[PDB]
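Take a look at this single chain in structure tokens; it is the form deposited without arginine.
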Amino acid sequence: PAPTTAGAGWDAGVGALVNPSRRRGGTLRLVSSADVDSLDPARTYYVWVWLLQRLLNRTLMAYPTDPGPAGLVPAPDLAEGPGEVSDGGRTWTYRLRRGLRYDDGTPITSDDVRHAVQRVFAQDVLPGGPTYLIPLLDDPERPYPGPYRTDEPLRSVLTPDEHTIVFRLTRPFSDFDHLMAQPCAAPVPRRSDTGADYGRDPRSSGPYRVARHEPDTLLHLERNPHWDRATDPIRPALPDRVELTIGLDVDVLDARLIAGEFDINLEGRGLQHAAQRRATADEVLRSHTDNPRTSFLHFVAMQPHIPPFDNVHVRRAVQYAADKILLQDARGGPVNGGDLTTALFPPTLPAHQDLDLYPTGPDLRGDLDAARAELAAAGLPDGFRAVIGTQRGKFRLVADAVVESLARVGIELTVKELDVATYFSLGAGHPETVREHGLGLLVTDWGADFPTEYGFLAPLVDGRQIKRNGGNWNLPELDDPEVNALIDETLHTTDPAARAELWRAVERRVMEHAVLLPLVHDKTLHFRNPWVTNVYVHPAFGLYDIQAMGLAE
């Protein structure tokens, strides 16, 4: 077992590969506290299921098997090369590898990739996954109702032959290769598409296929006999079998993982408190632990639609009066509370910059003089009363720290807790709920659906991205024409350097608005058993790249 033999070392799997091997064979024993949300590649919105999909389904482009920065750049998978860009970022062409096959022996064609993309449009039948493709491909003058309501193909997607696909976008989109790397764009052959029931028997284009799924119990994967190693530049497919055990209590999971009963935690939410203190204190256990950034941001949003947060000076007062140390401690500090940040972008993104418009004093505990001056500017020199929205648990601890911070300048907050399960769909993520409860501040965390500045920041601040019916991530409902225009400019800017500078201007303007108070960039503790080969934190996921792993002889 792990506690008896020292491993590769603390953080050895962060930016580097642990225990490299090409040895095939064995059963990779994975564990999760939760069942998959879906086995339909189009209907999953769990990061760890996207990660699992790297074993089950290939895509035109895929994140490469690389612990370094190149891991963030989609690489050719089913396509022979990266997306060919024409029409100023509006037209994307891919050329498919020939003779590739699904697990049933049938051919993979460009029609199947179009079909997969078309499926996303059938939100009445296949809800649950990302929908970035819809506005990029839909004609507002001639809406596409999905592939079940019409057999006429999407007019923005051409398949001139069985090995060519052309996407004609409604607007320039610099990040299209990223969209083609998502499981909702993995080919689905229409012949096998059972619609709402697809997850019960999905086709596989990857090295593994579903052998058995028992809800809340297990998921077993076996080799796909028709997957061709010589045609796949991404996947080493080392284990003969992958067995996921599902439904364990989180502390039960950690204990059994550390004991060696499971190889790796697939769900990847990190070690819980008890195992955190155990692993970080023991020299042998430390050697089996990685402490990566997850690329998630923990922040507080302020809503101009809820007075007095319409006033920029109220919002700046809150930023200045934030006790960043106390807030980090609420998040797991002093030693496990992520990485303090005064801006939004994670350091993985090119546009990451030094930006601290509202410094909190020499000890980072708040500039109360500056906060009081801002309150005076708002016509509220003695403070005011407001409500902060949050979840039960860790979010509540953060909310309490906001209450404590702001009370120092006469901002008297009470806390409104919202249901955990629907927090993003019907809680903080629903504009009507925010108004109903008068939630001037909201505690949340956020991770991009793809590792780019657009993926990270646009859902948070782009006026066109306000979701009025729920699932909203632009909590302040910022709709600044200048921010929107800058975002549009990045999307057609070919030069990565010029694009980064534009994104820096976006972030600066957002911070000028003071609608988002950055707290920390989240970190996590992953435990790796020493007999697992090729363990590394994938930079696009903040989780180990399960598909790369094998077992030692």
Contents of the next structure:
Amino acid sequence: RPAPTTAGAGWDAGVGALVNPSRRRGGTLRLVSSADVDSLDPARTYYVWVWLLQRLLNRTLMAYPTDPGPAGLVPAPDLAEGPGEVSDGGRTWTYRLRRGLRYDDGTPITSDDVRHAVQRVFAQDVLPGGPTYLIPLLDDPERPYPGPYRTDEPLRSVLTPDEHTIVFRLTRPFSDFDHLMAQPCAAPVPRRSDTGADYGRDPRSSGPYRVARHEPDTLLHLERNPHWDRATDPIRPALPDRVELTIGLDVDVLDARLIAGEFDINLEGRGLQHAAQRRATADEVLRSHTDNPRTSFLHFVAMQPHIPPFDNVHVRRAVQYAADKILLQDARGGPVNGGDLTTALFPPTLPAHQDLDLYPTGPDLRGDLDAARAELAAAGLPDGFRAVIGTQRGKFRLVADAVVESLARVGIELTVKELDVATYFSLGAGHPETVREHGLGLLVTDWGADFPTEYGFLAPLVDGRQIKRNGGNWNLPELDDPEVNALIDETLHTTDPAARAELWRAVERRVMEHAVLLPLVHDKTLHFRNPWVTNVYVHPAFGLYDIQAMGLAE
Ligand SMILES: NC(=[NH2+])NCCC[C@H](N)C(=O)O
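Show the other one: the form deposited with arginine bound, since we just had the form deposited without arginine.
And the full complex, kicking off with our chain again.
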């Protein structure tokens, strides 16, 4: 019976809890996406939803557990027997592999294959597209590693004492290393099957499923991996016999067919679009099949000290005070569906999350214009000034327009520069030269961490060492405060998680003191779940349903 005709578990039932629990194996899970995968090479994917799909295809040393609660944020032993063994003050990480495990072709998984996967990341000329956190942590600047296609000498910082042991000797302490071991670029790839640029056409699988067929822009079918051993996998229930992804639908077409029951779940997970949002949130039966989680993305405005007059802290504080947070949230969808207002940066899933509101916007949250004008006077610009805000067409433009309206009230006169959506991070707001070319003193953007920790969340946004001069830059103000950098370094060797949280609170406070980032909202989304899908929950590390946990009702 289609969803509109029978009530489900209830609004938000899959947020922090598991809906429709079952161990029943069998059936075909019908997934849908508006977009094709970015890559089927585990090293070359960045899409959050493809990382989710990778939980079906490939195992890793550590993986996020199948848990809707806070424990879901802590990597658990997967291919490893236990969590990474830390020595040398957070600089050496040792893992011990489970024995006798096999790929889909029946061949053995060994520590050499995990080293090979990590080595492949270095071949950015052949395998671009995935995360590269591992490179600075493992590369010797005095003796650079050119990747495994250009030399057969192994990476010197990665030891394999035997077939079931791997040791990573890092260039610096790194508290969050288990998280890097949970990313798909660290899933084992045996060198014997590594076809390099072509690997995605026929990747090996260590997970419960393997690729049966991929037809670009059309479909992806997965079948069981006959060599995966259920008894050896503490993460994956592997309930369906088959997973079939339909690719390429218009987003409203997708929502309509999903709600009609023609597909079980939206894999891409961008949420219901406006039309279906209205329909679902208004209907008592449809509400019972909907979850409204935080996505852990932050929507914010960045201000760039390299673009006068934004070099002046008082100019930046004036902007913070004059922000109409209500208007800005409304631009984000927000009378009722505009995410969650925030005056700070960390999502509330992180330990360091704190009350921090250095520039309050008045009793109605619409702006403290007196405070803003006083800041403008401090800047020597009491009547305001002219500037340019960079944005994208669409939702980001409505937000930019809300900034224009907000700031006009204190004589800050903004014009809007739109930049190409596709390349916004590579060549647009994410490229320091572009920001200078168009004189973009303000930039509208959003961000989600590549792993659910304070470092993963905040370092790319504020750490001076993370400024990407050639594009893909996420530190838009190009903040390079040695005190912030030093505090971040301290967190990375601090073993005690509580002391670590306090240091991160100091970092976030210092960042807000600089006033280079204006937080707007933490984003939220509406996911629809058909009632015959079992084990549905929003994975706290992803903000999307954990597809791999799902089954089908009898
Ligand atoms: N694997 C992921 N978490 N992908 C989505 C986030 C990618 C990147 N941090 C961004 O905000 O654009």
